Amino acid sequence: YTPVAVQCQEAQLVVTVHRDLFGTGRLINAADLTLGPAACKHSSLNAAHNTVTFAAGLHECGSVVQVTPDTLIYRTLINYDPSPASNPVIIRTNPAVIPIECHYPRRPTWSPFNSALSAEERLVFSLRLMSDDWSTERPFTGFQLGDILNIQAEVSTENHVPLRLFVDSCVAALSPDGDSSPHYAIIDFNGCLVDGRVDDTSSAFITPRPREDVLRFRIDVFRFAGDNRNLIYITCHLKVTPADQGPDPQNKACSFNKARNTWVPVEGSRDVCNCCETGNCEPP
């Protein structure tokens, strides 16, 4: 008995869910189940054992792809959203969320600035959620307030000129769309880690870097008010410059140090972070 069956097919996934999802004796309403942050409707149902099936392209319905060195991981979820109570003032049942994952095996140097002759001449950026010690990748589940997200940004290192990686901005939201409500800016103003400027957070970029094409940072976990699904998506804007180019107010990684009450770059001159405090790092 598998409450949730996942078929990872060639260019689609097929999820089958039992309506006795909690085995509480009460079957859930088929329409209360949806797929991914987009809430796609089910594709079919089978009254024989009371199941509901969802089928979607690997890129549809708000799925999220991570590209690792030797695999592709597509991640999405099943939503259970109970229908409102006859009287709206009360709530008898909480919304649930079920993580869904699909794994697939993957298949004259150059510069990204001057040209891209080959289809193959393409940078692959990635964000990874790492363990406290940064040794290995860690699960997307089990987080509590008071825990810390260790995020590692990196860019592929093959057959190109040495690069230095930067994070222009990160934004958390309840879906992969960062322009949706609600949302909160972790990094902003071209590399200013503004989350570590306020309250009692210890959010910061880590120094030194492992390579110039890797940027690490720690973020204190949080959640969105009014959100009963208890999830977080984070969309970052990464960019690169040549590995020996001087950092400046447009290309930097600055953290606020509460202990010294100052901004501190991962590299570069101290005064490059000045525009972080003013909240505007846009060239005149």
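Here, rigid core means the biggest group of C-alpha atoms that superpose within 1.5 Å across both forms. Positions refer to the first chain, counted from 1. Compared with the form deposited in another entry:
- For the listed set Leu72, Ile91, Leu129, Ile98, the sole C-alpha moving 2 Å or more between these two forms on a rigid core superposition is that of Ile91.
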Second form
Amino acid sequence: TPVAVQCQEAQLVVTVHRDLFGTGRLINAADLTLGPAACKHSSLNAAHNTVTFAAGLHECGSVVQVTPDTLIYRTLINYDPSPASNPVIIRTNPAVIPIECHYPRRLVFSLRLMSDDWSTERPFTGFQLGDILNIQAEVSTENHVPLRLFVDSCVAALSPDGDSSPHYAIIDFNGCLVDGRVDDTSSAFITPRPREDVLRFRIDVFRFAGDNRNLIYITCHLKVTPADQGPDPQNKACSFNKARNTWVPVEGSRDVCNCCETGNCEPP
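Now the other one: the form deposited in another entry, given that the block above is the form deposited in one PDB entry.
A single chain, with no partners or molecules, comes next.
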């Protein structure tokens, strides 16, 4: 391959061949960056036409997933060609190369991207518009009492910072899946839950206008209450159903979702 990744103790070192597409045509070093933060290269090797990136495991907008036995750090190499002689045309396409580092591990919340049958976890690549993201939120089964898990908000963006522009709220107002309210989406929480401390939901795939990297990050605010406690306008998981024109909670009284339509579920 044209990309070599060294997963070291507390950094990763990525070496990229400037002959990135095996055509023999060399890309510009300055057109390659690391992570959604677009960090610049740390060194070049002219003799071998390579470009090297070195970053701490938490730097440059990397994302960590904590599994029972493993820590997985995911990032990417961005190739963004400099302008053609006349910028209205493109002679060379951009590209994104996913980078991953796995480490044995030495309340914990987690989000996992599941296959459509929810049997297994699936790759983060190979989505096309028309596809559905199946997201499973969960919270570790620590000794402590039985819990119920909610997702207060999820925001999509072009980097792990959901406050950056552009961004798009998928879940808002303390558990209202607002993406399901509009257009022709089928986005919704799944019912019933597998367990009270697991919450599943599906989102129609989308992408951000004007973004030529064609990727998204989703950042969610997860929280728990005691398992037994009644859902209320502050703690709930509601979906909109266009057919019936109504909000519907995963559990609890129908009217707990009323605030979803008004766009404010804070209690004053």
